[PDB]
Amino acid sequence: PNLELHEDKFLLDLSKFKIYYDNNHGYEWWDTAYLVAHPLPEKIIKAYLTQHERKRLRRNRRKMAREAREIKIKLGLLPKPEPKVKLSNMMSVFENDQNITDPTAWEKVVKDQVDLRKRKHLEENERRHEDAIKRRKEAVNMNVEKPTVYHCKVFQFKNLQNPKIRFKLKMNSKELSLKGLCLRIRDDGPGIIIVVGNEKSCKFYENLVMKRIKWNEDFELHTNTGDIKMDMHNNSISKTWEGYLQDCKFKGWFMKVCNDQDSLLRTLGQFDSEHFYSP
Amino acid sequence: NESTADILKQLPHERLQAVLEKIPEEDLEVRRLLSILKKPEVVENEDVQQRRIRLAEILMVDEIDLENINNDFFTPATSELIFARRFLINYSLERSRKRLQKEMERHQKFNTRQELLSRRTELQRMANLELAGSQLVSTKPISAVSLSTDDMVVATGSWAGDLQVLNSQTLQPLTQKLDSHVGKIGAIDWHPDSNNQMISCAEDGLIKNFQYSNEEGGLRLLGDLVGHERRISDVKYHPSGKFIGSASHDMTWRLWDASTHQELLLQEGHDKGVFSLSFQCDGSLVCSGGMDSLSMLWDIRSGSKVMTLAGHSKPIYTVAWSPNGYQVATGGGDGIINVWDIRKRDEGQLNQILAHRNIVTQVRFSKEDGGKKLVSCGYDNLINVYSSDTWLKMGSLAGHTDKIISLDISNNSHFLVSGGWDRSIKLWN
Amino acid sequence: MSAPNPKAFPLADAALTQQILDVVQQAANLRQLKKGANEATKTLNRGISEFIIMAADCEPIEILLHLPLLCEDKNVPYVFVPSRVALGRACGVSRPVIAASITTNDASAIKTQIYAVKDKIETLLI
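Sequence order for the protein chains is K, B and M.
Residues 140 to 174, 217 to 225, 232 to 466 in the authors' numbering are what the first sequence lists, from first letter to last.
Residues 22 to 92, 108 to 465 in the authors' numbering are what the second sequence lists, from first letter to last.
In terms of the authors' numbering, the third sequence opens at residue 1 and continues consecutively.
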């Protein structure tokens, strides 16, 4: 008898064994060939650089640029530079423009002049900021390129009833590109969580499930009629395994509900994951 | 108009800046040329525009041209070994026949109720187990421990590769220690019969046949085995008794005789290290685990690679055969135990216990009782107990403060001895 | 490659080397790193080290082979990375470097990269 125990597997089968044995003709499917002189040999990134290679690069990069600009002013492709002026330098620049003659007209020019330079600093910033976000969209378009190995985790808990917990688990899974699934028994019945991704992703998520979120905390749930208290203090979480898998057949992260402990397996069964559940 | 453009053209910055616009613009396109041109594909921090400039700067200096111009045998020999294969066949065939018959006999009684009681009892027994004592050995972690066929004595190998033999029940202290000529011990094994011999493999590529003398500490080398270049990870005695098979690192598992100390078979076929060799209880077959994640069966008698098992996406450290003889179990860097039963072949194959986090070192079946329980050890510090029918995890035990290199279990199944990075040897109830 | 030195062990792969050398340099800039043999050997004797990185192709290799036997007594992980020239760069040095020891500060900024990599390395020591 029995079921979660899965004793069902202990029980012996005679026809398979007898049928096998008769077919075998005595001694397995190994030595059937026997009832062989030779023995066989059977066949089959980033570089960094130092402080001094930054200077030299920064200076030899800068030098070429400024000297090239220098000729452009000689050759006359480019405006001759006018003096920079400030509210310090203001007084002693006797460039021909209304210095003592118009006193407040020369206040404005310099004060306006100062702000125009700054405005440029601000502009270079925002323009660069904006460009990257367009550039970001190319990142969005880029499509994964499979990792060879898939890190994974698995978690197991008494209750998931709190919605605030139900919601985070949907976000972060979609936020971090974690493949996987979640299941549980009915509503109040316990369950399991599965997640798979690059090893950096999982670590974030693992931190969330254990150290950030409080599963023992109490919440007042909403029902179809109204709001009621819930005490989950007994509920707890702990990790089972983290490891490595030939392929992750999980296409997307799909939270679901199962009434029994069996279709729950058949759910995972689709993914050849029956084993990940522990009674 | 000419002299104006020439001087501008003669200039280095300008000379570069003209070249920058003829080179394609994508991360991948830019990258491919670099690796082809052998320079570093990527530098510390850089956006692609900075990456692109580097190309130009490299293309300029060498005066290199544009991306345009840029772009199985049968081996004979060893008749004498050939003789042995015959011996194996005579021994193997009889043993297999006996085994199958015995298995069949069990089937007839059924009377499920007794059995299903038995499993429950076993699980309860497993639940209870605890430490008895610790103990010490050395200051290097303990790489191998093994129990004699009478289960009275343990041998413990350090990384330092010195073996002291301890007294099962009490452990206190020991009988006597020896610092063997070798520095880093792979595995240690007892001959199935006499309880007079051991065998030990280690870093030096030399296997040593020990005579364990009575109650004396006068453990005596019987002979050394030569032929191995690299470190030897595992070594086992054929179930028969005559032959020792050795499996090391250079893609050679070597079958050896005890008496003559000769190389009976030099086998090849893995493409990196081979970290374990197991012999299966009828003495018909050896399964080799490897660092290339390919579990590869082998028929000793024909010397034919039989069935390759693929499941492990990291190196396969232990390969534990089952007493029944139709099942094998493997473990690996990936924290998985695969259990493959060869009879099904078409559609039964591998049941994966998800066991442990952080690797697996040594999986052990329970010797007596035909094999039912599994016991395994990873670096998770825990130690596990598994059914061989459901492969449901039953219980776990934590008495170690550090990681566990290897563990062996009492023939009755009233002992469990586990040894550990932490340098103790801990007897489990 | 060339024949990787048989005494080199654990040898990090390609994917771990990127993860390790990156931590090295990340520590260099907080000056939690120590470069070279003697500087590394000093660390273990004091007891501040986290793990040692060594060059696999260090010519001859016997000059650093003492570190492993010292590390095993102080219970400190270690690995070899495949070239010295690469390890030279990560420490911020023009020139080849065969060993390096990250150190301890438990207020550190990078603390969580380190525990990450030691966890990976100790796996290799089977």
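If you're looking for bench data, these hints aren't it; they were derived computationally from the structure.
Errors might be hidden in some of the hints.
Stated by the list, open to error - With a straight-line cut-off of 20 Å between C-alpha atoms, the simulated DMTMM-like cross-links for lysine to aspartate or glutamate are:
hint : chain 1 : residue 1 : chain 2 : residue 2
1    : B       : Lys429    : B       : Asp377
2    : K       : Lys261    : B       : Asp27
3    : B       : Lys439    : M       : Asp22
4    : B       : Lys429    : B       : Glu166
5    : K       : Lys271    : K       : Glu240
6    : K       : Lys398    : K       : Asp414
7    : B       : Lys380    : K       : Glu167
8    : K       : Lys426    : M       : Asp73
9    : K       : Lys224    : B       : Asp377
10   : M       : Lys120    : B       : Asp328
11   : B       : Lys220    : M       : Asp73
12   : K       : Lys233    : M       : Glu72
13   : B       : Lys30     : K       : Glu240
14   : B       : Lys176    : M       : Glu122
>> Checking each numbered hint in turn, tell me which of them this model violates, lowest number first.
In response: 3, 5, 6, 8, 9, 12 and 13
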